[PDB]
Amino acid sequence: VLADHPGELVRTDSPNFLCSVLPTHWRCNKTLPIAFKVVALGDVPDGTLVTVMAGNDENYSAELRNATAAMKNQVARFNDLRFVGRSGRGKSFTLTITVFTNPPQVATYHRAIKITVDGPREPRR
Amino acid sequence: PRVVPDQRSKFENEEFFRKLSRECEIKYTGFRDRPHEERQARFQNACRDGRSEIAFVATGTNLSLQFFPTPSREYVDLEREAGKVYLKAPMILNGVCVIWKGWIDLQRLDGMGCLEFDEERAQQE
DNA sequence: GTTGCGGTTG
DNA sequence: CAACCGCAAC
(Lines of atoms letter the chains of each structure in order from A and count residues from 1; the text may use other names and numbers.)
(Lines give C-alpha, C1' and ligand atoms only; values in the text may rest on other atoms or scores of the structure.)
Protein backbone atom coordinates (compact mmCIF):
# COMPACT_ATOMS: atom_id res chain seq x y z
CA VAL A 1 0.00 0.00 0.00
CA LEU A 2 1.53 3.38 1.12
CA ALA A 3 3.76 2.93 4.21
CA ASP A 4 4.57 6.07 6.34
CA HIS A 5 3.47 7.03 9.94
CA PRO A 6 5.92 7.14 12.94
CA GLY A 7 6.72 10.76 12.26
CA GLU A 8 9.47 12.77 13.90
CA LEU A 9 11.39 10.57 16.37
CA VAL A 10 14.21 10.93 18.80
CA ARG A 11 16.19 8.57 20.91
CA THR A 12 15.21 7.89 24.38
CA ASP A 13 17.76 7.00 27.06
CA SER A 14 16.97 3.38 26.27
CA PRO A 15 18.59 1.47 23.40
CA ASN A 16 15.26 -0.25 22.77
CA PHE A 17 12.95 2.70 22.21
CA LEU A 18 12.51 5.89 20.31
CA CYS A 19 9.74 8.43 20.95
CA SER A 20 8.15 11.42 19.15
CA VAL A 21 9.71 14.81 19.44
CA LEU A 22 7.86 17.02 21.89
CA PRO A 23 7.54 20.81 21.92
CA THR A 24 10.21 22.37 24.11
CA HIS A 25 7.65 24.40 26.00
CA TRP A 26 3.88 23.71 26.13
CA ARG A 27 0.76 24.70 27.95
CA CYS A 28 -0.44 22.72 30.80
CA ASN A 29 -3.53 20.60 30.10
CA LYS A 30 -3.31 21.46 26.44
CA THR A 31 -3.45 18.95 23.61
CA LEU A 32 -0.04 18.47 22.07
CA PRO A 33 0.83 19.57 18.51
CA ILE A 34 1.45 15.95 17.42
CA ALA A 35 0.30 12.67 18.93
CA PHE A 36 2.96 11.28 21.27
CA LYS A 37 4.31 7.96 20.05
CA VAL A 38 6.66 5.33 21.49
CA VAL A 39 8.41 3.17 18.87
CA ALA A 40 10.06 -0.07 19.93
CA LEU A 41 13.15 -1.22 18.16
CA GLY A 42 13.40 -4.78 19.44
CA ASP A 43 10.37 -7.01 18.88
CA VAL A 44 7.50 -6.17 21.25
CA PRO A 45 4.21 -8.10 21.09
CA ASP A 46 1.10 -6.18 20.11
CA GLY A 47 -1.01 -5.24 23.08
CA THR A 48 1.83 -4.50 25.44
CA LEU A 49 0.87 -1.56 27.55
CA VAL A 50 2.94 1.51 27.53
CA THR A 51 2.67 4.42 29.97
CA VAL A 52 4.19 7.84 30.47
CA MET A 53 5.06 9.49 33.83
CA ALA A 54 6.91 12.68 34.43
CA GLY A 55 8.78 14.46 37.19
CA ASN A 56 11.77 16.61 37.92
CA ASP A 57 13.54 18.24 40.85
CA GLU A 58 10.62 20.55 41.50
CA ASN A 59 7.44 18.57 40.84
CA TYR A 60 8.37 15.07 41.83
CA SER A 61 5.40 13.59 40.04
CA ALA A 62 3.52 15.58 37.43
CA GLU A 63 -0.16 15.00 36.80
CA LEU A 64 -0.86 13.67 33.32
CA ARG A 65 -3.88 12.71 31.23
CA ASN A 66 -4.31 9.76 28.86
CA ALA A 67 -0.88 8.47 29.78
CA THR A 68 -1.53 4.80 28.82
CA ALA A 69 -1.29 3.25 25.35
CA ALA A 70 -0.85 -0.11 23.65
CA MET A 71 1.74 -1.40 21.24
CA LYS A 72 0.55 -2.15 17.71
CA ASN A 73 3.21 -3.03 15.14
CA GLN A 74 6.06 -1.80 17.36
CA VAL A 75 4.35 1.55 17.85
CA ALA A 76 2.37 2.68 20.86
CA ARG A 77 0.37 5.75 19.84
CA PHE A 78 -1.01 7.93 22.58
CA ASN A 79 -4.32 9.59 21.92
CA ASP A 80 -4.35 13.08 23.50
CA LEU A 81 -1.48 12.71 26.02
CA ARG A 82 -1.42 15.89 28.19
CA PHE A 83 0.72 17.44 30.81
CA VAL A 84 -1.29 19.01 33.63
CA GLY A 85 1.38 19.47 36.31
CA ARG A 86 3.76 22.44 35.97
CA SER A 87 7.50 21.86 35.65
CA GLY A 88 8.78 25.10 37.12
CA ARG A 89 10.32 28.25 35.65
CA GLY A 90 13.25 27.44 33.38
CA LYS A 91 12.71 23.77 34.00
CA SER A 92 11.67 20.73 32.12
CA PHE A 93 10.25 17.32 32.96
CA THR A 94 12.06 14.09 32.73
CA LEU A 95 9.79 11.46 31.23
CA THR A 96 9.59 7.85 32.26
CA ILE A 97 8.27 5.58 29.48
CA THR A 98 7.45 2.10 30.73
CA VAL A 99 6.76 -0.77 28.37
CA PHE A 100 5.05 -3.60 30.18
CA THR A 101 6.77 -6.80 29.06
CA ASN A 102 8.02 -9.23 31.79
CA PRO A 103 9.95 -7.71 33.21
CA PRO A 104 9.02 -4.17 32.21
CA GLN A 105 11.45 -2.16 30.05
CA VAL A 106 11.86 1.46 31.06
CA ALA A 107 13.21 4.41 29.08
CA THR A 108 13.71 7.92 30.30
CA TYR A 109 13.78 11.07 28.19
CA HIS A 110 15.51 13.85 30.15
CA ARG A 111 14.62 17.53 29.78
CA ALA A 112 11.86 16.48 27.41
CA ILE A 113 9.43 19.32 27.93
CA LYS A 114 8.70 22.39 30.05
CA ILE A 115 5.08 22.81 31.06
CA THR A 116 3.80 26.21 32.21
CA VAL A 117 0.38 27.67 32.84
CA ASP A 118 0.53 29.82 29.79
CA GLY A 119 2.67 27.89 27.43
CA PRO A 120 4.83 29.65 24.81
CA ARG A 121 4.01 33.35 24.45
CA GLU A 122 5.11 36.21 22.21
CA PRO A 123 7.06 38.96 24.08
CA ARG A 124 5.06 42.05 25.05
CA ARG A 125 5.69 47.07 26.42
CA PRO B 1 17.97 -4.08 21.47
CA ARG B 2 16.87 -4.65 25.04
CA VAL B 3 20.23 -3.86 26.71
CA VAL B 4 23.43 -1.96 26.02
CA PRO B 5 26.57 -4.00 25.44
CA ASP B 6 28.16 -3.32 28.83
CA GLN B 7 25.43 -3.08 31.50
CA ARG B 8 27.55 -3.08 34.56
CA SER B 9 29.73 -0.27 33.24
CA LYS B 10 26.71 1.96 32.39
CA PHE B 11 25.34 1.34 35.83
CA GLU B 12 28.52 2.08 37.66
CA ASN B 13 29.51 5.05 35.52
CA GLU B 14 26.48 7.23 34.50
CA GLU B 15 25.29 9.82 36.91
CA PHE B 16 21.70 8.69 36.20
CA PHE B 17 22.34 5.41 37.94
CA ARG B 18 24.86 6.57 40.55
CA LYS B 19 22.24 9.09 41.85
CA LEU B 20 19.91 6.22 42.37
CA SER B 21 22.24 3.57 43.68
CA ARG B 22 22.29 4.65 47.34
CA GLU B 23 19.11 4.73 49.36
CA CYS B 24 17.00 7.86 49.01
CA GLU B 25 13.66 9.45 49.50
CA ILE B 26 10.97 7.75 47.45
CA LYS B 27 7.25 8.27 47.54
CA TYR B 28 4.01 6.72 46.28
CA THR B 29 2.65 8.78 43.39
CA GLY B 30 -0.60 6.93 42.68
CA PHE B 31 -4.04 8.54 42.95
CA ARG B 32 -2.52 11.89 43.89
CA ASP B 33 -5.92 13.65 43.77
CA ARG B 34 -7.85 11.44 46.22
CA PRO B 35 -7.98 11.89 50.01
CA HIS B 36 -5.00 10.49 51.86
CA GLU B 37 -6.92 7.63 53.53
CA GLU B 38 -7.94 6.31 50.12
CA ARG B 39 -4.40 6.64 48.77
CA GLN B 40 -3.36 4.45 51.64
CA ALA B 41 -5.89 1.80 50.63
CA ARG B 42 -5.24 2.11 46.90
CA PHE B 43 -1.52 1.78 47.60
CA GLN B 44 -1.82 -1.47 49.57
CA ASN B 45 -4.49 -3.01 47.33
CA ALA B 46 -2.25 -2.61 44.29
CA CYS B 47 0.80 -3.72 46.25
CA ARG B 48 -0.94 -6.99 46.99
CA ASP B 49 -1.56 -6.90 43.24
CA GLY B 50 2.21 -6.84 42.76
CA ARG B 51 2.39 -3.34 41.39
CA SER B 52 2.75 0.32 42.32
CA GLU B 53 4.14 3.66 41.23
CA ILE B 54 6.90 5.47 43.03
CA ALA B 55 9.12 8.47 42.41
CA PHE B 56 12.68 9.07 43.56
CA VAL B 57 11.76 12.46 45.13
CA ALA B 58 14.98 14.34 44.94
CA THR B 59 15.42 13.84 41.17
CA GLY B 60 11.82 13.41 40.31
CA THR B 61 12.54 10.10 38.49
CA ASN B 62 9.24 8.20 38.31
CA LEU B 63 8.85 4.41 37.89
CA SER B 64 5.91 1.95 37.68
CA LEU B 65 6.94 -1.24 39.44
CA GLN B 66 6.07 -4.93 39.01
CA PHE B 67 6.94 -7.08 41.98
CA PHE B 68 7.45 -10.51 40.41
CA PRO B 69 10.59 -12.22 39.18
CA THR B 70 -0.18 -12.87 43.13
CA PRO B 71 3.15 -11.59 44.58
CA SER B 72 5.51 -13.44 46.92
CA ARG B 73 6.66 -12.35 50.36
CA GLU B 74 10.07 -12.06 48.65
CA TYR B 75 8.78 -9.30 46.39
CA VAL B 76 5.94 -7.85 48.50
CA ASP B 77 7.06 -8.33 52.11
CA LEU B 78 4.55 -7.32 54.74
CA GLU B 79 5.90 -9.21 57.78
CA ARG B 80 9.57 -8.18 58.14
CA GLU B 81 8.67 -4.83 59.75
CA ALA B 82 5.27 -3.45 60.68
CA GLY B 83 3.96 -0.10 59.52
CA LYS B 84 5.85 -0.45 56.29
CA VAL B 85 6.16 -2.70 53.25
CA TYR B 86 9.44 -3.90 51.68
CA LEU B 87 9.37 -4.21 47.93
CA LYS B 88 11.53 -5.67 45.16
CA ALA B 89 11.04 -5.10 41.45
CA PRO B 90 13.22 -6.20 38.55
CA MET B 91 13.18 -4.30 35.21
CA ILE B 92 15.40 -3.22 32.34
CA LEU B 93 16.08 0.49 32.89
CA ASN B 94 17.66 2.36 29.95
CA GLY B 95 19.14 -0.88 28.72
CA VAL B 96 20.60 -2.21 31.94
CA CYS B 97 19.12 -4.91 34.13
CA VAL B 98 18.40 -3.68 37.61
CA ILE B 99 16.34 -4.39 40.66
CA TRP B 100 14.53 -1.61 42.51
CA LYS B 101 14.48 -2.21 46.28
CA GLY B 102 12.90 0.03 48.86
CA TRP B 103 10.40 0.30 51.67
CA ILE B 104 7.33 2.37 52.28
CA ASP B 105 5.58 3.48 55.45
CA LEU B 106 2.01 2.20 54.92
CA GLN B 107 0.85 5.33 56.71
CA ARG B 108 2.92 8.26 55.39
CA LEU B 109 3.18 6.61 51.93
CA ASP B 110 6.86 7.65 51.50
CA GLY B 111 10.17 5.96 52.26
CA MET B 112 13.59 4.94 50.99
CA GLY B 113 14.79 2.91 48.07
CA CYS B 114 17.43 2.58 45.49
CA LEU B 115 18.45 0.86 42.35
CA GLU B 116 20.64 -2.24 42.46
CA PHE B 117 22.55 -3.73 39.49
CA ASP B 118 21.01 -7.10 38.70
CA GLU B 119 24.01 -9.04 37.42
CA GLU B 120 22.32 -12.41 37.16
CA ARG B 121 19.59 -11.05 34.78
CA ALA B 122 22.15 -9.03 32.92
CA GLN B 123 24.19 -12.03 31.93
CA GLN B 124 21.18 -13.80 30.71
CA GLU B 125 20.42 -10.86 28.39
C1' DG C 1 -13.61 22.84 26.79
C1' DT C 2 -10.24 25.90 24.35
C1' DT C 3 -7.58 30.03 23.68
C1' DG C 4 -5.48 34.32 23.61
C1' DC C 5 -3.91 38.13 26.17
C1' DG C 6 -3.92 41.92 30.14
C1' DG C 7 -2.43 42.58 35.08
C1' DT C 8 1.36 41.43 37.98
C1' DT C 9 5.55 39.82 40.19
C1' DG C 10 10.25 37.96 41.37
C1' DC D 1 11.65 37.95 30.63
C1' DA D 2 8.89 34.24 31.96
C1' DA D 3 6.22 32.89 35.33
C1' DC D 4 1.42 32.96 37.62
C1' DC D 5 -3.70 34.23 37.81
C1' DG D 6 -7.80 35.20 35.62
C1' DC D 7 -11.27 35.18 32.54
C1' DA D 8 -13.79 36.93 28.25
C1' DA D 9 -15.02 34.98 23.87
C1' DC D 10 -16.06 31.47 21.46
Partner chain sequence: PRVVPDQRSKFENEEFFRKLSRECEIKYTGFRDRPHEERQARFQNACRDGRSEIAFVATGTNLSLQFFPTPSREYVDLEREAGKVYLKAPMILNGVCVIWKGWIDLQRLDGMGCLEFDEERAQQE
Second form
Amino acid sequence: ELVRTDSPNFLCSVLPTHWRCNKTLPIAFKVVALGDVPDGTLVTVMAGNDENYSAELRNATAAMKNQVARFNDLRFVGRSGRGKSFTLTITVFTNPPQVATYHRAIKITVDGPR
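Output the form deposited without its partner chain next; the form deposited with its partner chain bound has already been displayed.
Keep in mind that what follows is only the chain, not its partners or any molecules around it.
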Protein backbone atom coordinates (compact mmCIF):
# COMPACT_ATOMS: atom_id res chain seq x y z
CA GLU A 1 0.00 0.00 0.00
CA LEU A 2 1.64 3.18 -1.29
CA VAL A 3 0.59 6.81 -1.05
CA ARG A 4 1.58 9.67 -3.31
CA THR A 5 3.70 12.64 -2.31
CA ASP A 6 3.42 16.27 -3.44
CA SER A 7 5.54 15.13 -6.38
CA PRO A 8 3.87 13.08 -9.15
CA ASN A 9 7.18 11.37 -9.93
CA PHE A 10 7.39 9.74 -6.48
CA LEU A 11 5.37 7.48 -4.18
CA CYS A 12 6.23 6.10 -0.73
CA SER A 13 5.05 3.71 1.95
CA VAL A 14 2.59 4.91 4.61
CA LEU A 15 3.95 6.38 7.85
CA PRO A 16 2.03 6.74 11.16
CA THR A 17 0.43 10.09 12.02
CA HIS A 18 1.79 9.78 15.55
CA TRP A 19 4.64 7.55 16.73
CA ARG A 20 7.03 7.09 19.67
CA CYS A 21 10.57 8.54 19.71
CA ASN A 22 13.27 6.15 18.51
CA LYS A 23 10.74 3.34 18.11
CA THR A 24 10.88 1.13 15.05
CA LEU A 25 8.21 1.89 12.46
CA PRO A 26 5.25 -0.47 11.96
CA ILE A 27 5.95 -0.40 8.21
CA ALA A 28 9.43 -0.23 6.70
CA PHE A 29 9.80 3.06 4.84
CA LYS A 30 10.62 3.15 1.14
CA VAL A 31 10.48 5.60 -1.77
CA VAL A 32 9.28 4.40 -5.17
CA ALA A 33 10.42 6.29 -8.27
CA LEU A 34 7.98 6.36 -11.18
CA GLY A 35 10.18 8.13 -13.70
CA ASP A 36 13.86 8.19 -14.63
CA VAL A 37 15.98 7.63 -11.51
CA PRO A 38 19.30 5.77 -12.20
CA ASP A 39 20.33 2.95 -9.87
CA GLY A 40 22.64 4.17 -7.12
CA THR A 41 20.99 7.57 -6.86
CA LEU A 42 21.22 8.68 -3.24
CA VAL A 43 18.03 9.54 -1.37
CA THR A 44 17.90 11.31 1.99
CA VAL A 45 14.99 11.84 4.34
CA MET A 46 14.70 14.86 6.59
CA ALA A 47 12.13 15.68 9.27
CA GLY A 48 11.37 19.06 10.78
CA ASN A 49 9.11 22.04 11.50
CA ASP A 50 9.34 25.72 12.48
CA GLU A 51 11.16 25.07 15.75
CA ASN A 52 13.24 22.15 14.45
CA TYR A 53 14.83 22.49 11.02
CA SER A 54 16.20 18.94 10.86
CA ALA A 55 15.37 16.55 13.68
CA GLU A 56 17.62 13.61 14.52
CA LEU A 57 16.68 10.56 12.49
CA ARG A 58 18.19 7.10 12.27
CA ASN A 59 18.87 5.31 8.97
CA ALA A 60 17.63 8.21 6.83
CA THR A 61 19.86 7.44 3.84
CA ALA A 62 19.26 4.99 0.99
CA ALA A 63 20.16 4.30 -2.62
CA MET A 64 17.86 3.67 -5.56
CA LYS A 65 17.72 0.12 -6.89
CA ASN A 66 15.34 -0.57 -9.77
CA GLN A 67 13.11 2.46 -9.06
CA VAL A 68 13.04 1.75 -5.32
CA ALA A 69 14.93 3.17 -2.34
CA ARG A 70 14.43 1.10 0.82
CA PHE A 71 15.26 2.49 4.22
CA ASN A 72 16.61 -0.05 6.70
CA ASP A 73 14.79 0.70 9.98
CA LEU A 74 14.07 4.44 9.70
CA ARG A 75 13.45 5.95 13.11
CA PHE A 76 12.55 9.36 14.44
CA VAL A 77 14.88 9.98 17.33
CA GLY A 78 14.02 13.62 17.97
CA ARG A 79 10.57 14.55 19.30
CA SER A 80 8.32 16.83 17.22
CA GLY A 81 7.48 19.03 20.16
CA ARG A 82 4.33 19.60 22.18
CA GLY A 83 1.49 20.56 19.89
CA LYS A 84 3.68 20.33 16.82
CA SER A 85 4.41 17.80 14.07
CA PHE A 86 7.09 16.97 11.52
CA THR A 87 7.19 17.53 7.77
CA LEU A 88 9.00 14.68 6.00
CA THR A 89 11.13 15.95 3.14
CA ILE A 90 12.51 13.41 0.68
CA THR A 91 15.45 14.43 -1.53
CA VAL A 92 16.35 12.24 -4.50
CA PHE A 93 19.78 13.26 -5.68
CA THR A 94 19.34 12.89 -9.40
CA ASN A 95 20.87 15.38 -11.81
CA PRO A 96 19.36 17.79 -11.06
CA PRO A 97 17.87 16.88 -7.63
CA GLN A 98 14.14 16.31 -7.14
CA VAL A 99 12.43 17.01 -3.81
CA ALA A 100 9.18 15.39 -2.58
CA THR A 101 7.24 15.94 0.65
CA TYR A 102 5.14 13.36 2.54
CA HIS A 103 1.45 14.14 1.90
CA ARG A 104 0.85 14.50 5.64
CA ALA A 105 2.72 15.52 8.78
CA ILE A 106 3.98 13.04 11.38
CA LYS A 107 3.92 13.63 15.14
CA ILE A 108 6.78 12.20 17.19
CA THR A 109 6.48 12.21 21.01
CA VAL A 110 8.13 10.42 23.94
CA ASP A 111 5.12 8.21 24.69
CA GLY A 112 3.55 8.24 21.25
CA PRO A 113 -0.18 7.66 20.65
CA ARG A 114 -1.93 7.37 24.01
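So that the term is clear: the rigid core is the largest set of C-alpha atoms that superpose within 1.5 Å between two forms. Numbering follows the first chain given and starts at 1.
- Annotation: the position in 82, 37, 91, 27 displaced by at least 2 Å at CA between the two forms, with the core superposed, corresponds to 91.
- In a rigid-core overlay of the protein, residue 112 has its C-alpha displaced by at least 2 Å between the two forms.
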